[PDB]
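*Asks:* Work out the full structure, taking the sequences as your base and the hints as a guide.
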Amino acid sequence: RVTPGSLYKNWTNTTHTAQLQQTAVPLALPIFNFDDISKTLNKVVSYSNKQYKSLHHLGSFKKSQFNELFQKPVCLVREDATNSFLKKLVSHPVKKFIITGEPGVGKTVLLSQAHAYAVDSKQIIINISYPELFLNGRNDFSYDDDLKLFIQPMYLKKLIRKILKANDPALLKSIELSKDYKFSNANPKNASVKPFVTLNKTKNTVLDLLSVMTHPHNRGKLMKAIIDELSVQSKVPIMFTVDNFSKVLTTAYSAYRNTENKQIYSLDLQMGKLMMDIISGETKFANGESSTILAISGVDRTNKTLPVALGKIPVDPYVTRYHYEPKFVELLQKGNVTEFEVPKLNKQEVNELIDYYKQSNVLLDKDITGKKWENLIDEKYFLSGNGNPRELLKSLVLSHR
Amino acid sequence: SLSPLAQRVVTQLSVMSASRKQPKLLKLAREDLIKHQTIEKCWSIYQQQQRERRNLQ
Amino acid sequence: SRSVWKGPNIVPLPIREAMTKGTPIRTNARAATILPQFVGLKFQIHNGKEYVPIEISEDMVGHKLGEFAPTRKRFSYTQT
Amino acid sequence: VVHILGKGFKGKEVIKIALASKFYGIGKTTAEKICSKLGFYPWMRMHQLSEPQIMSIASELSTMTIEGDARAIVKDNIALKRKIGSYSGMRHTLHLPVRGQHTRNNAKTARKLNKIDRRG
Amino acid sequence: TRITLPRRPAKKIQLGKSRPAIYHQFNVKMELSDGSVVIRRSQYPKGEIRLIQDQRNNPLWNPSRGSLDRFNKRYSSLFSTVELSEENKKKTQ
RNA sequence: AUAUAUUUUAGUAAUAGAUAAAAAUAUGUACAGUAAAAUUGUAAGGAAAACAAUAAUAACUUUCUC
RNA sequence: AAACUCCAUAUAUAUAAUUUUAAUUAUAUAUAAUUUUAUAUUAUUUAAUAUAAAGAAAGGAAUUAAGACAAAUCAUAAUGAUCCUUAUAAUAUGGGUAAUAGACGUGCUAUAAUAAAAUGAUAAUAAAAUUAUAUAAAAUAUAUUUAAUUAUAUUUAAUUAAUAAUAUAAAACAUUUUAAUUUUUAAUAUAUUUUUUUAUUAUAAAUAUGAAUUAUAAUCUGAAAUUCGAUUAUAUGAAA
Ligand SMILES: Nc1nc2c(ncn2[C@@H]2O[C@H](COP(=O)(O)OP(=O)(O)O)[C@@H](O)[C@H]2O)c(=O)[nH]1
Ligand SMILES: [Mg+2]
Ligand SMILES: [Mg+2]
Ligand SMILES: [Mg+2]
Ligand SMILES: [Mg+2]
Ligand SMILES: [Mg+2]
Ligand SMILES: [Mg+2]
Ligand SMILES: [Mg+2]
Ligand SMILES: [Mg+2]
Ligand SMILES: [Mg+2]
Ligand SMILES: [Mg+2]
Ligand SMILES: [Mg+2]
Ligand SMILES: [Mg+2]
Ligand SMILES: [Mg+2]
Ligand SMILES: [Mg+2]
Ligand SMILES: [Mg+2]
Ligand SMILES: [Mg+2]
Ligand SMILES: [Mg+2]
Ligand SMILES: [Mg+2]
Numbered sequence: 050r051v052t053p054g055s056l057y058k059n060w061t062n063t064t065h066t067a068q069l070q071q072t073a074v075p076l077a078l079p080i081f082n083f084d085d086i087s088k089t090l091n092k093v094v095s096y097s098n099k100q101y102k103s104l105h106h107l108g109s110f111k112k113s114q115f116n117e118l119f120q121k122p123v124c125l126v127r128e129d130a131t132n133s134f135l136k137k138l139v140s141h142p143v144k145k146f147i148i149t150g151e152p153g154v155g156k157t158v159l160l161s162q163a164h165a166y167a168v169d170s171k172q173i174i175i176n177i178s179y180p181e182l183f184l185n186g187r188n189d190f191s192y193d194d195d196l197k198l199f200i201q202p203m204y205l206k207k208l209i210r211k212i213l214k215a216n217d218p219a220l221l222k223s224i225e226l227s228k229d230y231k232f233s234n235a236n237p238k239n240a241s242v243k244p245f246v247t248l249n250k251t252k253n254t255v256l257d258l259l260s261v262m263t264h265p266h267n268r269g270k271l272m273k274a275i276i277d278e279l280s281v282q283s284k285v286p287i288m289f290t291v292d293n294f295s296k297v298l299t300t301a302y303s304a305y306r307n308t309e310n311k312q313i314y315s316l317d318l319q320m321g322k323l324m325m326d327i328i329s330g331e332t333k334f335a336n337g338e339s340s341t342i343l344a345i346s347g348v349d350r351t352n353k354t355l356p357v358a359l360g361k362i363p364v365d366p367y368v369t370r371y372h373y374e375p376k377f378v379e380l381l382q383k384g385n386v387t388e389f390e391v392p393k394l395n396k397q398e399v400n401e402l403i404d405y406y407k408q409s410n411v412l413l414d415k416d417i418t419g420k421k422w423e424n425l426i427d428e429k430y431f432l433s434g435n436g437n438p439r440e441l442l443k444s445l446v447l448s449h450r
Numbered sequence: 034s035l036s037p038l039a040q041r042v043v044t045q046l047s048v049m050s051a052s053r054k055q056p057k058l059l060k061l062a063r064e065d066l067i068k069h070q071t072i073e074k075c076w077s078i079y080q081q082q083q084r085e086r087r088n089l090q
Numbered sequence: 009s010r011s012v013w014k015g016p017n018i019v020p021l022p023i024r025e026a027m028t029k030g031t032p033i034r035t036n037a038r039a040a041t042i043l044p045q046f047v048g049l050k051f052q053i054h055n056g057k058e059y060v061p062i063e064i065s066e067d068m069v070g071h072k073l074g075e076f077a078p079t080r081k082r083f084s085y086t087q088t
Numbered sequence: 002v003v004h005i006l007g008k009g010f011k012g013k014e015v016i017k018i019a020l021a022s023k024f025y026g027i028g029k030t031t032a033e034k035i036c037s038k039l040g041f042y043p044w045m046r047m048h049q050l051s052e053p054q055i056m057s058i059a060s061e062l063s064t065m066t067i068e069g070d071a072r073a074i075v076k077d078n079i080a081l082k083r084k085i086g087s088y089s090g091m092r093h094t095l096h097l098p099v100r101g102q103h104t105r106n107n108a109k110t111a112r113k114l115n116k117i118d119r120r121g
Numbered sequence: 020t021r022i023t024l025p026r027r028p029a030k031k032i033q034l035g036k037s038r039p040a041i042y043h044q045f046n047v048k049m050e051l052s053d054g055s056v057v058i059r060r061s062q063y064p065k066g067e068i069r070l071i072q073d074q075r076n077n078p079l080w081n082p083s084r096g097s098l099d100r101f102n103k104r105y106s107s108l109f110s122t123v124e125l126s127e128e129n130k131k132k133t134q
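If you read the protein sequences in the order shown, they are chains WW, 2, SS, MM and V. Basically PDB author numbering = 1-based index in the first sequence + 49. Basically PDB author numbering = 1-based index in the second sequence + 33. Basically PDB author numbering = 1-based index in the third sequence + 8. Basically PDB author numbering = 1-based index in the fourth sequence + 1. Read left to right, the fifth sequence gives residues 20 to 84, 96 to 110, 122 to 134 (PDB author numbering).
Just so you know, these hints were derived from the structure itself, not from any lab. Do not rely on the hints blindly, as some may be mistaken.
[Stated by the list, open to error] In silico EDC-like links for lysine to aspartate or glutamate, alpha-carbon gap of 16 Å or less: (1) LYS396 (chain WW) / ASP217 (chain WW); (2) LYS131 (chain V) / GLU25 (chain SS); (3) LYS84 (chain MM) / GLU58 (chain SS); (4) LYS103 (chain V) / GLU25 (chain SS); (5) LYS13 (chain MM) / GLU309 (chain WW); (6) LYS84 (chain MM) / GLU66 (chain SS); (7) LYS102 (chain WW) / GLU278 (chain WW); (8) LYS132 (chain V) / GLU25 (chain SS); (9) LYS84 (chain MM) / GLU25 (chain SS); (10) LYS311 (chain WW) / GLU33 (chain MM); (11) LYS103 (chain V) / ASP67 (chain SS); (12) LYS76 (chain MM) / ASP118 (chain MM); (13) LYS136 (chain WW) / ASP217 (chain WW); (14) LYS333 (chain WW) / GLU278 (chain WW); (15) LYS415 (chain WW) / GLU401 (chain WW); (16) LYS130 (chain V) / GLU25 (chain SS); (17) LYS34 (chain MM) / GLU309 (chain WW); (18) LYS250 (chain WW) / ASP229 (chain WW); (19) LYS38 (chain MM) / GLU128 (chain WW); (20) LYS102 (chain WW) / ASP169 (chain WW); (21) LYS207 (chain WW) / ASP189 (chain WW).
[Said to hold, decoys possible] Pair ranges (Cβ atoms, derived): (22) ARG10 (chain SS) / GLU50 (chain V): 39 to 45 Å; (23) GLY12 (chain MM) / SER260 (chain WW): 28 to 34 Å; (24) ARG10 (chain SS) / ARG187 (chain WW): 44 to 50 Å; (25) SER11 (chain SS) / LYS443 (chain WW): 38 to 44 Å; (26) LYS60 (chain 2) / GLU50 (chain V): 37 to 43 Å.
[Unchecked claim] So, partial list: chain V residues that the calculated Cβ filter (under 10 Å) puts toward chain SS: (27) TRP80; (28) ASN81; (29) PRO82.
All residues carry an ideal CB built from backbone N, CA and C; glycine is no exception.
*Replies:* Next comes the structure, spelled out in structure tokens:
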């Protein structure tokens with residue numbers, strides 16, 4: 050008893066997935082570029098078209114945000130938060146960050162900005178938004194024999210596709226291969242004719258490698274090969290990113306069960322192990338400017354692990370595996386992860402946001418009409434808990450109290 | 034038509050019955066028939082002798 | 009004693025004399041666990057009112073004696 | 002559609018849960034163990050199963066003491082209880098509650114299905 | 020009221036054509052309580068049977084010569122004769 | 001071992017004996033046989049259900065044998 | 001009757017070497033209101049409405065008279081009369097008070113998505129009360145390959161208490177999941193909705209509700225758990 054047009058989903062899903070961004074005012078806002086941050090240092094800025102294209106593919110813009118409020122997802126540049134982070138990324142020798150903060154402070158948004166910057170500066174981006182998919186057991190998996198770990202060839206395929214599409218092909222096909230690669234063919238065409246697909250050293254490309262389509266049991270092998278290729282190449286920078294890394298840290302054991310009925314460890318998987326290797330000084334990328342940018346989510350569980358990894362708490366040895374996994378900490382220490390605290394909004398920034406919202410026509414009538422502007426701003430600041438952006442946004446729009 | 038109990042009773046009845054379970058008649062050639070007769074008669078004689086022996090004893 | 013450790017429940021009885029010579033054992037215990045040492049001994053287990061004659065088979069070995077002497081009468085209704 | 006060991010299954014039915022629902026011998030833990038042995042990802046659906054996987058499941062079910070055999074064990078136990086002049090056996094025969102309950106009022110479920118031939 | 024199987028028309032066995040009921044029988048080996056085997060013709064399909072309770076282990080037939099199991103299993107550490126002697130005072134009865 | 005085709009079986013049903021005192025075709029003819037009671041027993045079975053057993057072999061024929 | 005009374009409230013004073021700390025408290029002693037004042041608007045100096053300025057100022061408990069109902073209690077206890085005195089008095093062992101056709105009250109749990117379940121350790125936020133016929137912390141072991149959870153066992157740290165323990169309150173709020181529901185899944189492509197979209201293929205009246213009833217195994221208390229107790233596990237999964 051359902052039509053195509055009617056809304057059948059729950060609220061959060063509906064807001065994400067039903068395009069109510071359709072009925073919205075076009076806004077001629079400035080464009081996000083790191084080279085011209087001096088112009089737009091503390092102003093709202095729409096992303097470039099190319100950036101948007103890349104960012105959507107990656108999975109930067111998420112469901113629980115209020116990206117439905119505008120024509121397209123929008124951020125502002127911040128001197129204390131985003132700009133400083135970008136400068137650190139540019140300058141630091143290690144280039145290896147974990148974006149920490151309170152729930153709703155704007156970690157994702159920071160990640161999205163970092164991705165956009167990377168896109169601008171001719172870099173490949175391997176984004177893993179929501180590791181919950183590979184960590185929790187809701188897709189097929191298999192123990193590979195060559196690689197001593199469990200591969201996940203539904204998730205992997207999706208990730209490969211994202212990598213292919215998020216990045217431009219000219220940058221991606223500038224990379225020649227280091228080794229030759231045999232794979233099992235899995236086209237609808239040439240199934241009987243071509244039993245195997247072969248990629249040569251100099252002739253073939255990384256783009257071509259990505260476009261390969263194998264059976265599930267070779268997909269993990271393909272992924273491994275791709276990563277190796279990217280590590281080897283020194284022509285283009287590789288930005289690796291993992292958002293909701295908190296889940297990964299806490300969920301040490303996956304929901305998958307091996308032959309004997311017991312839970313599989315995250316490092317015994319392909320994806321989680323690979324990710325950990327990337328984080329640590331192990332799969333070292335040949336080029337400079339090649340970063341790993343991790344991000345915590347307030348959604349996920351909290352425990353002693355991440356604080357212990359960083360310069361926060363001394364290592365209590367007696368706390369349990371559930372609330373403190375030491376292997377993960379050790380791995381984090383190995384690859385010198387310098388954490389980045391996202392600061393809460395200043396008064397001026399809050400005011401600027403409120404002004405933008407007013408321009409876009411999100412503010413309620415009781416806020417605008419018959420009220421001093423400065424007083425309103427002060428109230429908004431108070432209700433957000435002194436500049437938590439999400440909370441502020443909620444007070445503005447989702448209050449109706 | 035019939036219950037499961039009725040079916041099982043019918044099956045049981047069939048086990049005992051000669052309906053479609055029995056082979057063809059044992060036909061013999063005349064020479065074979067004679068051979069059979071000689072086998073049986075000799076056997077019968079032997080049995081009689083044994084009975085007499087035991088009886089005598 | 010129900011729990012496997014500490015078990016099983018034991019009571020003093022005239023067992024050996026019954027074993028020697030078939031003299032039924034009038035139990036008023038009802039909470040003594042039956043043992044393998046008395047299968048094929050005649051027991052006369054109390055019912056509240058009247059002692060109940062039972063010959064202990066090998067299926068009874070785990071159970072209590074009072075489980076085989078049903079105290080209440082089988083219920084009925086006078087349809088008036 | 003997807004038949005396995007005689008019991009029919011609708012598609013999109015999560016395998017372990019479906020197994021628990023249908024087969025008499027198994028609950029939650031047993032179904033999970035079976036899935037682990039066979040190597041299905043948890044929350045895999047019944048429609049996703051290939052034919053060899055189905056056969057392997059069927060084999061696993063056959064190896065386990067389930068369905069009619071499991072039911073029979075329970076029946077045998079109650080028959081044994083009845084055989085000895087036991088209180089529990091007597092209760093089973095008379096269709097009253099067995100587990101030291103009250104029956105001045107509310108003993109309707111027991112009356113309905115405390116038989117010697119229990120399950121159906 | 021009376022439960023029956025209602026008869027069909029009977030098949031006419033002609034005089035002389037009546038054949039004796041030779042039922043299908045297998046030669047079945049019965050091993051008794053002890054190792055004494057005996058062959059007997061039997062209608063059930065089982066070439067070999069071994070018996071537990073026979074005349075060859077019953078006291079009546081030779082005067083001159096699993097609840098319990100469960101109990102034994104779960105009261106094994108205690109080892110339960123000496124125990125009988127300990128728990129058998131014949132004063133009270 | 002497995003697939004298709006062509007067949008074959010499974011409709012599972014009583015009498016197996018010229019049946020002989022349970023019940024059923026009550027008139028013909030041919031062939032054959034003997035009932036009942038009472039008594040002694042035997043799982044439920046009891047005065048009363050079913051089944052078993054309960055007069056005599058002289059002479060004769062055939063067979064085996066001392 | 002009201003009032004004095006108690007609890008709770010506001011204020012003041014006292015005391016507490018601010019390690020028995022919670023001073024944001026506890027407890028003795030006061031004071032405080034059955035609130036006051038003024039402007040108007042209706043009805044006759046007052047009384048209800050409204051407005052204003054002054055205040056922390058707004059509840060609950062106990063107390064339920066006379067009579068009546070020959071209301072309830074001789075099973076809290078006692079006493080009158082009357083009856084029993086080897087029994088209607090006294091002690092032990094077991095059984096019963098838990099029986100089950102129908103019926104009647106009180107409750108509890110349910111019949112799923114403005115509602116159920118997993119999870120949430122720099123442990124979100126309470127109060128009141130108990131612990132020398134005790135309260136039992138941490139930690140080890142088993143159920144259970146990690147560990148947590150829950151349940152037992154092991155063994156008693158601390159305190160007989162503003163000091164330690166019962167005891168990290170729970171809803172809340174947040175992520176995840178949820179059949180009925182082809183209102184979803186997964187194979188392909190697809191892309192500026194990517195924890196997602198579109199296209200084409202295949203996905204065909206009690207559940208992944210409920211927890212009655214029963215089977216087996218363990219554990220707890222006790223000397224003892226059969227009639228007849230309480231947990232945990234693996235199955236069972238009515239009715240609604
Ligand atoms: N920094 C920043 N954050 C914003 C802006 N606009 C909205 N946000 C909010 O940033 C939030 C993302 O915070 P995040 O740290 O991902 O929350 P978490 O997932 O709970 O950790 C969203 O909820 C947005 O509402 C902006 O212009 N800048
Ligand atoms: Mg986040
Ligand atoms: Mg089931
Ligand atoms: Mg203090
Ligand atoms: Mg008063
Ligand atoms: Mg009065
Ligand atoms: Mg009175
Ligand atoms: Mg009266
Ligand atoms: Mg009196
Ligand atoms: Mg009285
Ligand atoms: Mg008295
Ligand atoms: Mg007396
Ligand atoms: Mg009562
Ligand atoms: Mg519900
Ligand atoms: Mg809490
Ligand atoms: Mg403890
Ligand atoms: Mg305390
Ligand atoms: Mg349920
Ligand atoms: Mg129903």
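*Asks:* Holds or violated: are the alpha carbons of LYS130 (chain V) and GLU25 (chain SS) at most 16 Å from each other?
*Replies:* holds (9 Å)
*Asks:* When the nearest CB of chain SS is found for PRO82 (chain V), is that gap smaller than 10 Å?
*Replies:* violated (18 Å)
*Asks:* Under the criterion that the straight-line Cα-Cα distance not exceed 16 Å, is the pair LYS38 (chain MM), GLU128 (chain WW) satisfied?
*Replies:* violated (56 Å)
*Asks:* Would you say the C-beta atoms of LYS60 (chain 2) and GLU50 (chain V) sit inside 37 to 43 Å of each other?
*Replies:* Given a distance of about 41 Å, which is inside 37 to 43 Å, the answer is holds.
*Asks:* Run the distance test for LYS311 (chain WW) versus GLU33 (chain MM): straight-line Cα separation, threshold 16 Å.
*Replies:* holds (10 Å)
*Asks:* Is 39 to 45 Å a correct range for the gap between the Cβ atoms of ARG10 (chain SS) and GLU50 (chain V)?
*Replies:* holds (42 Å)
*Asks:* Given the hint that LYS132 (chain V) pairs with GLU25 (chain SS), test it: the Cα-Cα distance must not exceed 16 Å.
*Replies:* holds (10 Å)
*Asks:* Is the hinted pair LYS103 (chain V) and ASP67 (chain SS) satisfied, with a Cα-Cα distance of at most 16 Å?
*Replies:* Between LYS103 (chain V) and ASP67 (chain SS) the Cα gap is close to 15 Å, so the pair holds against 16 Å.
*Asks:* Between the alpha carbons of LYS84 (chain MM) and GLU25 (chain SS), is the straight-line distance 16 Å or under?
*Replies:* Given that 16 Å is the threshold and the Cα spacing comes to 29 Å, the pair is violated.
*Asks:* Is the hinted pair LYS136 (chain WW) and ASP217 (chain WW) satisfied, with a Cα-Cα distance of at most 16 Å?
*Replies:* With a Cα-Cα distance of about 25 Å, the restraint between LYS136 (chain WW) and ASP217 (chain WW) is violated, given a limit of 16 Å.
*Asks:* Please work out if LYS207 (chain WW) and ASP189 (chain WW) have their alpha carbons no farther apart than 16 Å.
*Replies:* holds (13 Å)
*Asks:* Would you check the hint for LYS333 (chain WW) and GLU278 (chain WW), treating anything up to 16 Å between C-alpha atoms as holding?
*Replies:* holds (11 Å)
Of the numbered hints stated above, those contradicted by the structure are hints 1, 3, 4, 5, 7, 9, 13, 15, 19, 25, 27, 28 and 29, listed in ascending order.
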